[PDB]
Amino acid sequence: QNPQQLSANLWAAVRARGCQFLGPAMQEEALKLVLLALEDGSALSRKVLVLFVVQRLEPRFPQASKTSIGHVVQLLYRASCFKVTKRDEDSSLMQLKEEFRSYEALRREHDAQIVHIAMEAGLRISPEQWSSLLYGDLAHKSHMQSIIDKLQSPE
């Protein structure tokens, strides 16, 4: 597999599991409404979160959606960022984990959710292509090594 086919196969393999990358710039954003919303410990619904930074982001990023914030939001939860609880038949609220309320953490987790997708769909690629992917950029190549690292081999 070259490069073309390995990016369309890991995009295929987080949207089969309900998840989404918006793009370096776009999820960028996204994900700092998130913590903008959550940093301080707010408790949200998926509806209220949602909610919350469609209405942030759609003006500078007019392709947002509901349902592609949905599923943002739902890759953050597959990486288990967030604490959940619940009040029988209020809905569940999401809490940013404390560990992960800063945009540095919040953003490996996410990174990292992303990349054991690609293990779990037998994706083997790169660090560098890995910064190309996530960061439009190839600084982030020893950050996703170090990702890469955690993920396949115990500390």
Second form
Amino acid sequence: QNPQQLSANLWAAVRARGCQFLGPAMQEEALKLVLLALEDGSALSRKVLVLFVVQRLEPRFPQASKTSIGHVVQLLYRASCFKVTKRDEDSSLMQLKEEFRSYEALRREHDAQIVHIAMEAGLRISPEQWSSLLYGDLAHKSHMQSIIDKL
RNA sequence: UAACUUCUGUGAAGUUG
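Can you give me the structure for the form solved in complex with the RNA, which would complement the form deposited without the RNA we have just seen?
What follows is the whole complex; the chain from before opens it.
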């Protein structure tokens, strides 16, 4: 496959899982807001986490909605980033696992989950293309290479 | 990379196009 087919097939696979990558700038800001809410160990319902993030992104990002931010939260959920507390007959509460309570750690797990989805879908994407896809530059090749090699 | 809505989702369904 050419780069364009790889990209389209990747986002199809991500979306098929109820997840979304919103673009490099917006995704970064969304993840920073998840941290802002959860880095201190607060236990939020999925609904309240999404509200926290959406409200802060809406001024800058017309893409921001409960739907689009929900997709980002789902990506982190699928990546096992949350300690989930079940409550009988009620909404579960979510905390960030202690190991993911910094941007570097959370972002790495996020990126690894998208690479994992690519692998699930049979897509072989170079570190160069990964850097472009997830960061909009070619400066994150070594980072993506590390993720690929640890997967 | 269809948008949105509901939902306790390693995910579902619905509305619109």
